[PDB]
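Number of protein chains: 2
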Amino acid sequence: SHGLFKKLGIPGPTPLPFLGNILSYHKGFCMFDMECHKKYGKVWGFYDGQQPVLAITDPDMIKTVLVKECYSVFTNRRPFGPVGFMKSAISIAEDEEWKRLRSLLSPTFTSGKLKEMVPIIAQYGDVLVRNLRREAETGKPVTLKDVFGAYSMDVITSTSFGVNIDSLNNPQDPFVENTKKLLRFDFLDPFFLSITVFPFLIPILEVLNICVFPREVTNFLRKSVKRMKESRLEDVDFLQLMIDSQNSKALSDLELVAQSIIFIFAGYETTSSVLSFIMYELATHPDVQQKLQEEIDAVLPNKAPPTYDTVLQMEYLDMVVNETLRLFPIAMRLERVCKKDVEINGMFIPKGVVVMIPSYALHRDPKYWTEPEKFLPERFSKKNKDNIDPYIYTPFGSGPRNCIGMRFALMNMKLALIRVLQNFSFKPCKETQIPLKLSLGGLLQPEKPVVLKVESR
Amino acid sequence: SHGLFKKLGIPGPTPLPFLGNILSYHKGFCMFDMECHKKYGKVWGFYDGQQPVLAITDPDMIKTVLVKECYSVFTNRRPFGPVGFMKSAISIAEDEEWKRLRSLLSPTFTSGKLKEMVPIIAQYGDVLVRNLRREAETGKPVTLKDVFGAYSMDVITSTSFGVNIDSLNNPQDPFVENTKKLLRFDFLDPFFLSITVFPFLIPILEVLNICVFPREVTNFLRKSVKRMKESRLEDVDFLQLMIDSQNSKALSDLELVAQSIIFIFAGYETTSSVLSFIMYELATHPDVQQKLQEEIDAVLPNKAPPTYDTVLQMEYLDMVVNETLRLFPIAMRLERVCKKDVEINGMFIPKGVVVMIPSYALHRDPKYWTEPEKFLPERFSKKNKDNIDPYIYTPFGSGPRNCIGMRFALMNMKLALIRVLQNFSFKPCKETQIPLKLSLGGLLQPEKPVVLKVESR
Ligand code: HEM
Ligand code: HEM
Numbered sequence: 029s030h031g032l033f034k035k036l037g038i039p040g041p042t043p044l045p046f047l048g049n050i051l052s053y054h055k056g057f058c059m060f061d062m063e064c065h066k067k068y069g070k071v072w073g074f075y076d077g078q079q080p081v082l083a084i085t086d087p088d089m090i091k092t093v094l095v096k097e098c099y100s101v102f103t104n105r106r107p108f109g110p111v112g113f114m115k116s117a118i119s120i121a122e123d124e125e126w127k128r129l130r131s132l133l134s135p136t137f138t139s140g141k142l143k144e145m146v147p148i149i150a151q152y153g154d155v156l157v158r159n160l161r162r163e164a165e166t167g168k169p170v171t172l173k174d175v176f177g178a179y180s181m182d183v184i185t186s187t188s189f190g191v192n193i194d195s196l197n198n199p200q201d202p203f204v205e206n207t208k209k210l211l212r213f214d215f216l217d218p219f220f221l222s223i224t225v226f227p228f229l230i231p232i233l234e235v236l237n238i239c240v241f242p243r244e245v246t247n248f249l250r251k252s253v254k255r256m257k258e259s260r261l262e263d269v270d271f272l273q274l275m276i277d278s279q280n281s288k289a290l291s292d293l294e295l296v297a298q299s300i301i302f303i304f305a306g307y308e309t310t311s312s313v314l315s316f317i318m319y320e321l322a323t324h325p326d327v328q329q330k331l332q333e334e335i336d337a338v339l340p341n342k343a344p345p346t347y348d349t350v351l352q353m354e355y356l357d358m359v360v361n362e363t364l365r366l367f368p369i370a371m372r373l374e375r376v377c378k379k380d381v382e383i384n385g386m387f388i389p390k391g392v393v394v395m396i397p398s399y400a401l402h403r404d405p406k407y408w409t410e411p412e413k414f415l416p417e418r419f420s421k422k423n424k425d426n427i428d429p430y431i432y433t434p435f436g437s438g439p440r441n442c443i444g445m446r447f448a449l450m451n452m453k454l455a456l457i458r459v460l461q462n463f464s465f466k467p468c469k470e471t472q473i474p475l476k477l478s479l480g481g482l483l484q485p486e487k488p489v490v491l492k493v494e495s496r
Numbered sequence: 029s030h031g032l033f034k035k036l037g038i039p040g041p042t043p044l045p046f047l048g049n050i051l052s053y054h055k056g057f058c059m060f061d062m063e064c065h066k067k068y069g070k071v072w073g074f075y076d077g078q079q080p081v082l083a084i085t086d087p088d089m090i091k092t093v094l095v096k097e098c099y100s101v102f103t104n105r106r107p108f109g110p111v112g113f114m115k116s117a118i119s120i121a122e123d124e125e126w127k128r129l130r131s132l133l134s135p136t137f138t139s140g141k142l143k144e145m146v147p148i149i150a151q152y153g154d155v156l157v158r159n160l161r162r163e164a165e166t167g168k169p170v171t172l173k174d175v176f177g178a179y180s181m182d183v184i185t186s187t188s189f190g191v192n193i194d195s196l197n198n199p200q201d202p203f204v205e206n207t208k209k210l211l212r213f214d215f216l217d218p219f220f221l222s223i224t225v226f227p228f229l230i231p232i233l234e235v236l237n238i239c240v241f242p243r244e245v246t247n248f249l250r251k252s253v254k255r256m257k258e259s260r261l262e263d269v270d271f272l273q274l275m276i277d278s279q280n281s288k289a290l291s292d293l294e295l296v297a298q299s300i301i302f303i304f305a306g307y308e309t310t311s312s313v314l315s316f317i318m319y320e321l322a323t324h325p326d327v328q329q330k331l332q333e334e335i336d337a338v339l340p341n342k343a344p345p346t347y348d349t350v351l352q353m354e355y356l357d358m359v360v361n362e363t364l365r366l367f368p369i370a371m372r373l374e375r376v377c378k379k380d381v382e383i384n385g386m387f388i389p390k391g392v393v394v395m396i397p398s399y400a401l402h403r404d405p406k407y408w409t410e411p412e413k414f415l416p417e418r419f420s421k422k423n424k425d426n427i428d429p430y431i432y433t434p435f436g437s438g439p440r441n442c443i444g445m446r447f448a449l450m451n452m453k454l455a456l457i458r459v460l461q462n463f464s465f466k467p468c469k470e471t472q473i474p475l476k477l478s479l480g481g482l483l484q485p486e487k488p489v490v491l492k493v494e495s496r
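The listed protein sequences derive, respectively, from chains R and Z. Quick note, the first sequence lines up with residues 29 to 263, 269 to 281, 288 to 496 if you use the UniProt record's numbering. Quick note, the second sequence lines up with residues 29 to 263, 269 to 281, 288 to 496 if you use the UniProt record's numbering.
So here's chain R without its partners, still in its complex pose:
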């Protein structure tokens, strides 16, 4: 397998027996992709164990992969380990099963449904603010991941199940204790590297019902969901939307639970992390934070509560969120498996190769962005935004298999930022890491938790 890119005349780091190139992950995924881009140019290939991965950076080729040939050739992501029934989660499902699930779930994420969820989201912005004020009146530095983590979970439990908890102050509530375990996978941890080198072990793990999603958590949520369903049946959240959908091919009961679980997984740590990065940037660029506070006060005088429509009115807020996601595209990479031999944009790609789009590297490419390391919201101004290629800037992916939750996530984050910035200004501590450094693990996160001073307005 390790002779593939050599045979195709594609450059890339020379692989080692068994390992491929995984030893080059010692400084994390993003540094690897940046260094490869710099060394090899527009396309390169490497090996995750024995799995060939072809990295592409030409926006035309990216469009072909993510959009034009999504259904025919590049439909699925790569398998990553033993998943049991979570096989049915839309992010893991393949081919026609995926296409069916995306159809069934698409109406659930429309703006019309989002707009109806906003009062629920807004409520926990109030909770977030009350909790923040408690920490602002006692001038103690605040750990963002903790406070935005609780916010993220509060929005999840209410908008997905109508479970209303102040999780920051109720950490040992059984529901919170279980859902909080649905964190992102670290694909550079020993287990996932071992599976990468020994992928032939995954069926053995599956037959023994060993799953990368914690069984006690999925068991808890399966029986919780069944309780909720039959209390509702009979006598605004994602559960009810899905319950209504299978009220017709329609969603299996097991499929329903898989989606409830994956939505938590998809939105919990992702939202929290992006909010922490945004607040870090605002704290370290006071002028941006002030300008944003000025916009919010203009659109919503007298600390008026945010609404769906007023959120969409805030252009500078949009610019700040988009520029943070340029710097910190937490997915790092996008991937699709090539399901058949194809030739796209003049290049032959063999069946079975994983095609990868290195979002982080492209987001920080000097050839596409002036001073790419700098936080500059004007990049996304109404004037400049037309000049941004949607296949270079891909924090939510692109095409039919992009982030189905993108509108919700953006609304969720913006509602939080508005409420928080109406009430507080955030400033650096001396224990604030400046400049922020990224972890060298398999997740895009700060090396040390972001800690900030919170001051009442």
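It should be emphasised that the hints constitute simulated quantities derived from the structure, not laboratory data. Do not rely on the hints blindly, as some may be mistaken.
Since the list can't tell identical chains apart, any single copy or any two copies may satisfy a pair.
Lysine to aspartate or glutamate pairs mimicking DMTMM-like chemistry, simulated, CA-CA at most 25 Å apart [claimed, not checked]:
1) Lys466 - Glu144
2) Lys422 - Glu244
3) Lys342 - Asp194
4) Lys96 - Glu382
5) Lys35 - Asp217
6) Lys422 - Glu258
7) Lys254 - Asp380
8) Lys143 - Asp88
9) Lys378 - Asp348
10) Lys143 - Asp174
11) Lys469 - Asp214
Given chain R, put chain Z with the ligands in place with the hints provided.
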């Protein structure tokens, strides 16, 4: 596991995850051991996958391992893969099972038994000579491994089973076709490297009856042996010695067959290879070849047939054989597993570590041998031989688990050399590789087969 030698303050090449140091075998075992000895000194540690291996070179420590603490601590070699019933072969057996087998088999290899086998061995020296003469009368270069391979097999089939074949001229005889498959393992081949990196797969292979000894061969020999046994029962070879032994704890029928098979394995390619190296050295040092021919003619005038006692009379023959085995110790390394935490000669060795004695590296160590790359039989002269440390010079190992076949092998080789040198002189071709280069694989063998001109005396 990879932090062990670091923790003990023992030097050695820094291992890679999963692989340990096996990528350093790319130029073979012997080059690796030479380079480590040079770089790290008297002791060093490395990792075969996750298995720690401690290399030692102090003759006092070597004596402790191979002799003093053989029974208590360093009894067994390391496991190497799926072996099925060949588990019972004496070279593979462990602990009390080994100790029992060595006891049962020891009387079989006494000089008294050897002396009785010599007329049988001698017969195939005559066959070897007749076959060589056929190739000498038609001045075609001879490939040593082919001619000494056939000799080695002829001696094996007759001295182990009383099966009398001219294998050179009967290659498609079913017995020869099967026994010829019992070649030495190449532990650097893809299968054995894979097992080294994935040793957790060996039990899976065992439960499926996948064995590194070819099943069709062992099946053939098992049923051949059973035929022979019951033709002999009722109505001088190793089989009869073993048959007599179980005529008493006594050797199982399955144990008996395991030994018959392992003796072929142990003696077939080993004898052939050493004979080829010796003839290479004689051909490239005509003065040595002549002196040896002079000794043989003195001891056995008029091409007198060699006998057990006249062979032992030939001191220069002994020197030539011993010096070739110094240059080419085909086992390369000796190994023992440490079965309990011990401290020997001031050094702590943890349970489970493989202790390795790098025979090849010590045989070519400039600090023990003047001009170690040169073929100099006088090293082993009656005068100089006292100065040779038996823990530095170890072509047949040392101690209670040394080569049980050593006397036989030496007699076998000497009888062949005598008969051959009485009749022929061996000279280089232009297709003779000079200087000889060694293979970079996992076996100590010439890079290209040794080919020589054979001239009738
Ligand atoms: C700031 C927060 C988030 C970011 C940055 C983000 C980013 C992404 C990215 C990059 C992908 C891969 C798209 C591709 O491969 O082209 C993805 C997929 C997905 N995301 Fe999000 N996401 C976020 C929040 C959410 C939320 C709140 C949900 C709620 C349901 C969600 C649900 C999903 C699902 C289900 C997929 C797989 C879609 C499919 O395979 O059909 N994500 N997300
Ligand atoms: C020139 C030819 C040969 C050489 C260089 C050679 C070398 C060796 C070496 C280095 C060992 C390991 C000793 C140790 O670990 O200390 C060994 C073991 C052994 N050899 Fe030989 N050998 C040769 C021929 C033979 C022959 C003809 C036989 C016939 C039976 C034989 C049978 C064995 C057996 C059974 C063992 C394992 C002993 C035990 O574990 O108790 N070898 N040999």
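task = Of all the hints given earlier, name the ones this structure violates by number, lowest first.
result = 1, 2, 6, 7, 8, 9, 10, 11
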